[PDB]
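Engineer: Listed here are the chains, written in short residue letters.
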Amino acid sequence: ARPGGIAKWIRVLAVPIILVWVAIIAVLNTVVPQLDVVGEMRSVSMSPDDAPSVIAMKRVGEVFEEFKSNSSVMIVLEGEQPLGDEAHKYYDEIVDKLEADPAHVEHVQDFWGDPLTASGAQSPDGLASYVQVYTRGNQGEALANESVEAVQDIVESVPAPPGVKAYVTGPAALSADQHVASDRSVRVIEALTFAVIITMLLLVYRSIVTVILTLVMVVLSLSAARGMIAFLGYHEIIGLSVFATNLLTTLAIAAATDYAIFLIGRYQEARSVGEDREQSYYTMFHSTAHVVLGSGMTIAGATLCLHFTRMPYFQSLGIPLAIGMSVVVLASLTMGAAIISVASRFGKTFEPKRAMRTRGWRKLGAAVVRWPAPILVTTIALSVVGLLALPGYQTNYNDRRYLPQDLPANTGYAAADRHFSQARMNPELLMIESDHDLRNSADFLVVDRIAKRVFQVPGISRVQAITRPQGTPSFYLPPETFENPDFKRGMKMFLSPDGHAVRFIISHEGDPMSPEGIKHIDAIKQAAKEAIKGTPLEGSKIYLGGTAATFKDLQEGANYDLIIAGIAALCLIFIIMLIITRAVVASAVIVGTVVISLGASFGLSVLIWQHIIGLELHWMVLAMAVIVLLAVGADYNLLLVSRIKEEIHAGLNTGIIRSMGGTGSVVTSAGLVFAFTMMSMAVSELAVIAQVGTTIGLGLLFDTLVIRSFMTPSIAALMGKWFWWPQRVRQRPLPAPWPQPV
Amino acid sequence: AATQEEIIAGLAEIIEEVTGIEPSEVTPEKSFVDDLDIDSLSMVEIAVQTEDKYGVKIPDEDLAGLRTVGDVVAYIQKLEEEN
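In order, the protein sequences belong to chains A and B.
Residue numbering for the first sequence is 21 to 493, 690 to 958, as defined by UniProt numbering.
Heads up, the second sequence is in UniProt numbering, so the first residue is 2 and it goes up one at a time.
Hints listed in this document are in silico derivations from the structure and should not be mistaken for laboratory results.
Check each hint, because a few of them may be wrong.
[Claimed, not checked] Covered stretches of chain B, as calculated for chain A (at least 3 residues, CB under 8 Å):
1. 2–13
2. 17–26
3. 37–46
4. 56–65
[Unchecked claim] Here are the simulated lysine-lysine pairs, DSBU-like style, with alpha carbons at most 30 Å apart:
5. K704(A) with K88(A)
6. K373(A) with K78(A)
7. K937(A) with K79(B)
8. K937(A) with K58(B)
9. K708(A) with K117(A)
10. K88(A) with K757(A)
Think of the CB as a built atom: it goes at the ideal place given N, C-alpha and C, for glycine as much as any other residue.
Required output: the full structure, derived from the provided sequences and hints.
Structural biologist: Next comes the structure, spelled out in structure tokens:
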């Protein structure tokens, strides 16, 4: 390798650049709180502000002048004995305390307090009661989370009567509980990832000094990523989510250790060939730095493709991951190269402690090259057979199962299910806004008509309205009923203050937040549409909000955005591979192999999670797993292809086989480390994060064991001359004469 | 047509590139993996490397029948000198 260029500058400025990176670590970790704190205090919303459900609920609050935010929490009062007057006193005290704290509580629907709707709130057996509290801040935001914590503190402050307990649950409470669970599990997941990385590096390098230096590289790179993202989130530059924090920590550590393994393996291979420290470092840089730039570009762009989605979870997953991975890759390429440079001078720190294993990988490359068609067919079948999990794959949105059952929201749901149906604690708000006054006899006949119509919709269990204070009470209201003080209270609680909109509480029959709820939302909307049709009040709006409509918007956006982001990631990673290798065919092969490996990863992860774990796969697991797989598997294929291109000078088949012999151990070690670090999410209390990690780990195990090891070199050997189009590359070179004997 | 010594030297150099067995060990009167310990898949490796960097074909059908380096060098001779 020629001693010049960026490698020379990093060589001479190794110590100053280590000092600069350390100073950056200190600055980013001394002026801004840690990633967990900023993620908790700068969490992104759950659903976009432009979503139909969010605008519907905001319109609910604006018209009814009760709240201004999309966040609801249920307060379940579960008692061993039937809820008597002492339970009513306790509930009234809770309501008064909540109204005394308007900073976090915007409105409280006193259904149980008013006798007219009291039986509506009580359970059928009369053991449990629930009250809705509309808090401040959109669901999932830091404001909503702190509102939920304030509500929980308020509930716990009031002395509950003996035999009666109160729990705070609901969607906003569920998001706050998922944040709490992630804060609980971040320490253990980081400790597990450290232990796994240390164990794998001890197994691979077998040198204490080498593993300590690599660990310093990885920890400082991860600190750089975490500090940069915390700085961005703290100054409100970018959104952030707890999903982003956990996934960023693990991807940062895993990719940093992969870059460390790449550089150390190349340096040790160069040393084992016979090159001295200077030449070995220069060769390692000139043969791996461009690979690491490409790997970082692929990961950053793949995550950035999520920034162009619609939901705020993927929006806050895109840019923060892109910036964090870019910081990780810059930290690797600069400070890891500098650390290798400085440690090369210091004795024999990075000198390999054992002969590198090439004979096995060289034999495997021979098997791949000589018979590329059978190997390629075998690996294609082995990677496509995973797609057998599609007829039966489920994408349950039920976030209750993905959180620990001891959390306040999960315990509240557990108390609810012991006396209520699963749906009655996740209701839906509907209304119609008349252009005229709604306090009229014919208007209430129309209201009763639409209530009956929405009740007759299949899958809807309970409907609550002015004419139906409970699940179920020729109809006619005489004018004298308008002056009834109880009826006036029911009016104020169900009608808009100006008497132009009437609210409806809708409770499903099955799970409201399962696909049945999504197919129920449109049915409710259309049914109300023809129920209001042919009426003097026709011409109103049908804003329907709640958890079911929210998940309907999220699921349609999830499907469309996952498809478009997968396509964008494919195109962008292909563009990056074409930029690096200057070979369109090689880039296409890398992308296709990663796609088929993704199919296998989907099959394996769906199998394990939905069939032996028993927990159905979460919806965002697919998107994050796809993005991370397109990043990392393509990165491994890029490293292999770059090594092949370097080795081509001796020939195509022999180039592939020499590249495999030289890089098989390095790539398999890196892939094992990354996959095991991702599977280290299996201990995360966020079962969705565990699903993401296990899916990515299994996918990358497939990538390194069979995809990178067999599929990519088999395609390369099968194609040959055309594998490097449009770069004019020959077949086996001109036959050299047989050398004179020595 | 290349003679014995240069082809043996080329095979010895490719063994160096493969395993590292010293060149003077290879001799056209000795034997193969039952003597010098390079596996059948690593015969495939030897054959593909010698197809690439030396431009002489080796079929899998004839590979199994080669059990001395003398046998493979003889195959090289009667595959090269036939135009």
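Engineer: Each hint should be assessed against the structure and marked as holding or not.
Structural biologist: Structure-based check of each hint:
1. 2–13: n = 7 at 8 Å, threshold three: holds.
2. 17–26: holds (count 3)
3. 37–46: The restraint on the region 37–46 of chain B holds, since 5 of its residues have a Cβ under 8 Å from chain A and three suffice.
4. 56–65: Our answer is that it holds, as 3 residues pass the Cβ test (under 8 Å) against chain A, meeting three.
5. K704(A) with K88(A): The hint holds at about 24 Å.
6. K373(A) with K78(A): With a Cα-Cα distance of about 65 Å, the restraint between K373(A) and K78(A) is violated, given a limit of 30 Å.
7. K937(A) with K79(B): Within the cut-off at roughly 29 Å; holds.
8. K937(A) with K58(B): Status holds; Cα separation ~18 Å.
9. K708(A) with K117(A): holds (22 Å)
10. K88(A) with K757(A): holds (19 Å)
Going down the numbered hints, you'll see the structure goes against just number 6.
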